[PDB]
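Below you will find one chain, with nothing else, as structure tokens; this is the form deposited without the partner chain, and questions on how it binds or moves follow later.
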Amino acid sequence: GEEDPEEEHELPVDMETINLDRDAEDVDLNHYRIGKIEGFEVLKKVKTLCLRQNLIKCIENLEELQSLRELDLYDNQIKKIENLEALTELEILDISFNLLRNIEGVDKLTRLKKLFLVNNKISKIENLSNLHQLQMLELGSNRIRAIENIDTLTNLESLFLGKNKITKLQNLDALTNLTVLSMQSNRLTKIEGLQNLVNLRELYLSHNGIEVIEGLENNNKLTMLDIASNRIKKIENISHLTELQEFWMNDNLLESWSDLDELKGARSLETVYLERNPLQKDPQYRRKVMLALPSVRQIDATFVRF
């Protein structure tokens, strides 16, 4: 996987794979240097189509495939989502690592379950209104400036917004099934808006500007809380999270060893990351954490086993 001098030179659609997959349900076209989608009419039974890692600049000529459940376009050059209107049973769409600047063309795919747009140029969240069966949505590594227009996706269990420009936590109130939320490497300065997500088990807030832990009062079931790489000086208001299993506080301002008193409520807490806090200047760092938290078996990158 080093350097490929032929990487940019388009090839005809691979003849050997097309004829082997004519009646196959799974068609693997990954890394074939395909530059234009054409001649796919011969795939009669295809349910899953993998176009990963090709030269495709345009979505074309997939309308003929009515049996298609899953479409993988990952790592192509596609600049616009179009010509998917007629694929009405498509349940998984992965367009991640493309040139997309907008979310479009998915309005008529009403059975969509997973949608991965990760690492594109997308600026705004919109045009998702009609995917009512959507379970997982990954918008990470985009330019998105705000959380908008997801109020109608009520079956979302997973929302990954990490590595964006989002400045405020808002408009999640309607998603009561969300079990996982990743807001990381964003512009958040405050924890708010999570009061209605009562099923949240995983929250990733790392690499924000958060100064204070708050607003978690109603998220009881959280087993994974990631607040690392923030401005937090004090551990607060987590005393009622008793199901915590992993806790990442590293790369913060934590000073007082007595803050660990608010973690005693979790007897299942197996992993804690406190590293690169002022606490670690203390030579008794491992001892003081292990003595405060008898349950934890792993501290940072080390196995302690109590």
Contents of the next structure:
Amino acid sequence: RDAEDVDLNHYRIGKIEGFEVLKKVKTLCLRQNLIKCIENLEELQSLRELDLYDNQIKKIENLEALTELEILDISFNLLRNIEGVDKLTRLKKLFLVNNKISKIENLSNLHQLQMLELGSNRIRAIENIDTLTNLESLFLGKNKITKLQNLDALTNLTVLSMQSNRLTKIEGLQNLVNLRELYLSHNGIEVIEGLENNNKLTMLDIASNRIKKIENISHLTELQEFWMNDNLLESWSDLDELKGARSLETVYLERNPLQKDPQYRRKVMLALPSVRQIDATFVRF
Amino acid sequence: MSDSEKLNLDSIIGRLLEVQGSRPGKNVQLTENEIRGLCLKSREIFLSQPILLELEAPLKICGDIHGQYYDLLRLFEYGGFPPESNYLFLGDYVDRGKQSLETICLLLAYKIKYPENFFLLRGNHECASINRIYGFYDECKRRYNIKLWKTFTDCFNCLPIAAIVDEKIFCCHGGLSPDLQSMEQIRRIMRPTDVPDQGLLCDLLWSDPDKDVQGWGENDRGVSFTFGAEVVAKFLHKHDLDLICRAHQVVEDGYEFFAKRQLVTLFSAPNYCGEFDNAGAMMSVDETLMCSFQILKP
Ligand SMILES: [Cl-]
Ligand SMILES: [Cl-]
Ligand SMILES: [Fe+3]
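Form solved in complex with the partner chain structure, per the form deposited without the partner chain context:
Complete assembly follows, chain above in first position.
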């Protein structure tokens, strides 16, 4: 009756009934329940967080009342469209992980959104997020996206996750000047390019692609992790591109042609003496 | 194992077991190095044992866990917490739900503490990409960082693939492969490796049985194949085996036989997701190669 945090994780509940008894609830957790629709929540006007991770909700609705909501998670449901969030202006994080969403819409009014999570969906393009100026983390991995584009407005974005998509060219990153972590593994990229402005990158991952040569990253002097396993790199001289990164600690290069060299680990250590981790294993001295 | 290793290992297992009996939802927050060390140390042990494990009874064989950490705890209450019993898990330890880290950390810790009495096979959820699985990657970055998931794929890439118990029970996560002619081909699989979308290693983690199929058929999953009862029978005769013990599919009672009890499917996650109402089972083998099935309920 008097709790700021209420947790009904794994309670078999199949319907939202009788939550008006909670006076000043601030966090409501309803994960791994049996909810089939959103309802009977218009009274809990003190909520910052609502958690509906892993249910069977098929449409977003009945949330317009809770305008102090700051964190909303409707992951692992059966959503097909994004809607009914236009009134939650103080939303900072929004998780819609692993649904059946196909298009990015209806988020234009969430100006304070710091993290958008649309991983494991059926999205095919990046659109309609020019308005999210405060976005710091964008997660679109495991989708059907085919081009990097409408990202030019997110100048404060620091983490871009785009693994497991249908990309074929690195482009459209010209304005992400504060970008710090870039994940593009499991795509169809063949050339490293288009990173001229991302000087503050510390974590870059282009593993599991079809890249033949390391280029155009000699200016990335802040690199701390370079993940490039499962590509087609063949020339040890390409590692000259990374010598400006004096704090480079980890590189992944295994299952490249380079690893056929019986001096593979030795050559990495000679080229990049600051590196402490090569693939899974530490450099042992 | 060093005494300093035992000290930190028991500290981790203690804090992981301390939430037992609590009202589910408690997570236990370990430090990043504790989780990372668990990955590195267990990976070294995986590489120091064959990729085709040859185990002897007695041991307890379990199917999927799917990150349901408190249901894993209940399994250990029925079968006995290590080292009171020997365990062989058949894969799929992580999934959706925000308690996959506790599940894998407890399994990895017991693997390090009892490396010749505790065993983990690789499931298709222990892959090195998010081409088809997002929950475990999602949990890692939300509680820690993406690199932690990367370190986990390093450990996953070194898990063993199949096991043969007392020269008579073949164990894998998925099932048989049309490319599988000899046990040597499994031994030829090299680590670290990810799970391909095609080939022997893929089928060992992905294939299913089917009543309808007579030989090899296509899989409604979009990967690998389906095999029928005849496939099973020729396989046991060619390799002089008695049983295929596998997981990977939800079954009503946690266990389910196939091809006149020549194959069995085990599933150890009760009420998977939520729309199902299945039980978890567990097959126990004793010194005389006798199989008994214990069933866990929601
Ligand atoms: Cl053989
Ligand atoms: Cl090996
Ligand atoms: Fe599976």
